[PDB]
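Okay, here we've got a single chain as structure tokens, the form solved without the named molecule, with questions on binding and movement later.
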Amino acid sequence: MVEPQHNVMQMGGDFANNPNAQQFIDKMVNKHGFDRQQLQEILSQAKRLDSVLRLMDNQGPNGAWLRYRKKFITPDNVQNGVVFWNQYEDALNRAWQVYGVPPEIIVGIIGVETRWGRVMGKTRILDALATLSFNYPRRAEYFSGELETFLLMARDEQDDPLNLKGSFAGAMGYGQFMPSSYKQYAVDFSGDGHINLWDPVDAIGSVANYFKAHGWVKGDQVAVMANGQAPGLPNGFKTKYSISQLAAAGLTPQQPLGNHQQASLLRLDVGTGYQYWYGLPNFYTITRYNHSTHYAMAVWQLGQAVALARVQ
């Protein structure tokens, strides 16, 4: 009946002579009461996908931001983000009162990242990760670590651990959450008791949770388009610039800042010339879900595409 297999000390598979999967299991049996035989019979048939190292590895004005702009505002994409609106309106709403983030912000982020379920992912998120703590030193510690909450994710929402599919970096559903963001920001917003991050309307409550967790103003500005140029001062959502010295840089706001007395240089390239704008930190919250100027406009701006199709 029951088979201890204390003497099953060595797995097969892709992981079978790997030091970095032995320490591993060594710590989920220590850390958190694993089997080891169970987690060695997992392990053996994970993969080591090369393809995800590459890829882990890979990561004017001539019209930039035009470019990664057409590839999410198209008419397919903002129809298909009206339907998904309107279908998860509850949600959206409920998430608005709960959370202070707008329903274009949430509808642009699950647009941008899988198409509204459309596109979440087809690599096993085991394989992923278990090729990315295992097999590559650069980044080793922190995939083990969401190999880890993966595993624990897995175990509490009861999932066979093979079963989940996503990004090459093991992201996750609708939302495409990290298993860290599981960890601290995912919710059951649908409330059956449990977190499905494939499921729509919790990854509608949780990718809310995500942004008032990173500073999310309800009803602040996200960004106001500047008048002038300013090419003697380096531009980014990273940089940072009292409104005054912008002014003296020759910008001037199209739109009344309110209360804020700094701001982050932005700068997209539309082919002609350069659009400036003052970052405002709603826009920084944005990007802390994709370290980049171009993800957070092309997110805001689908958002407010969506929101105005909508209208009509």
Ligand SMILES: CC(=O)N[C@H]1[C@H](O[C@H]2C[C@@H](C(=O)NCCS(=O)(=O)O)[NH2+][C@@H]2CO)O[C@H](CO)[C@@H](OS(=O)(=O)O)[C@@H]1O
Contents of the next structure:
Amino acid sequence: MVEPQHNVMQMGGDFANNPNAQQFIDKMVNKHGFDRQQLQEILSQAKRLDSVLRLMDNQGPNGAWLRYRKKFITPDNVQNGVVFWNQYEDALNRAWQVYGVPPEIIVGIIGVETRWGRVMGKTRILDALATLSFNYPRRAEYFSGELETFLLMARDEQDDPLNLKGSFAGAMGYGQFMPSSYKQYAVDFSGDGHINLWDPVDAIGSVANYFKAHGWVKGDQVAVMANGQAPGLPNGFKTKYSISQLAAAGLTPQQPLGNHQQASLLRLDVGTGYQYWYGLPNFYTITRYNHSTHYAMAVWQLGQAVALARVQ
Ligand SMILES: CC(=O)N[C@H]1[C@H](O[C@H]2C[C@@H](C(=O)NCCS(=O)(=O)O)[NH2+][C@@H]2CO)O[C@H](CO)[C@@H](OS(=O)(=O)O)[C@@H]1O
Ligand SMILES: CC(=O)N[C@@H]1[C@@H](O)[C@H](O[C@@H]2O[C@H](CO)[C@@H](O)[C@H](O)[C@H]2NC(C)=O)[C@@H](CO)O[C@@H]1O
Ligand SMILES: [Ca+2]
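In place of the form solved without the named molecule, the structure of the form deposited with the named molecule bound is requested.
Next comes the full complex, this chain leading.
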């Protein structure tokens, strides 16, 4: 009947003689009441995926922006985005009212992330997270905390840690939430009492809550294209310049910037030259989801492209 197996102190699998795995097991038992033998049986089935390690290590004008953009903004994609928007219009409108994050932004996020649920990932979250926690020193602490949180999520939401699949970094569902993002920002938007990242309605409200929690200002502008070139200045979402500095560099806003006294300098490689943008606070917020200028511009433009296609 009851099999404590106090003596089975040694697990097999790819993490058997791994000190990190043992320390992690100790932590989970001590800190959360996890049973060592149960956890060992789980981690013994965990796999050390070398590809997850090679991929994390791997992370002019030649048209760079255009190549990234065509991966997400195509007729097929925009069309699929319209379908997703109409199918979940109530959930999107309700997220707009509760969090102040517009439907196009959520449609854009979920679009760039999983093509509205068509590409959720094929890697078991446990394998990816265990690999990065135990065989990847550089970000071993971050990922260990992700693994720690994933295992508590499996317990709380009554999931099997081995059945859940996602990205090579362990991101999950429609919005590709990392375990800690789930813990801090996910919400039961569907109202069934359970926070499921694979439920389109939950992902929608969770993406909006994540945005609001990261500073999204309702009604404010994301980015404003500029007339002109400013080759002297450095660029990226991390940069910061006053409007006065940008004007003196040869730029003018195609749209009124209002009370915005500062902006970042975004530069997109459009093949024939460079396209300059005034990055406003809301664009910085989009990058809090995924630290990339290209990622955020794709999310924004796809959302806008889908928004237009609905009107037509
Ligand atoms: C919504 C969400 O959970 N965003 C998190 C993001 O996930 C990214 C990770 C990425 C991912 O899974 N990348 C793997 C690469 S591949 O596509 O499988 O090849 N997708 C997710 C959503 O955009 O990773 C960064 C950095 O870890 C996190 O920032 S941090 O807290 O400061 O660390 C951020 O919170
Ligand atoms: C080569 C290519 O075009 N790949 C696409 C992937 O980039 C997409 O994967 C998703 O990309 C975002 C942005 O980096 C990640 O944050 C997210 O985790 C990732 N999703 C998954 C499940 O791994 C994919 C979905 O749009 O579509 C292409 O395969
Ligand atoms: Ca739910």
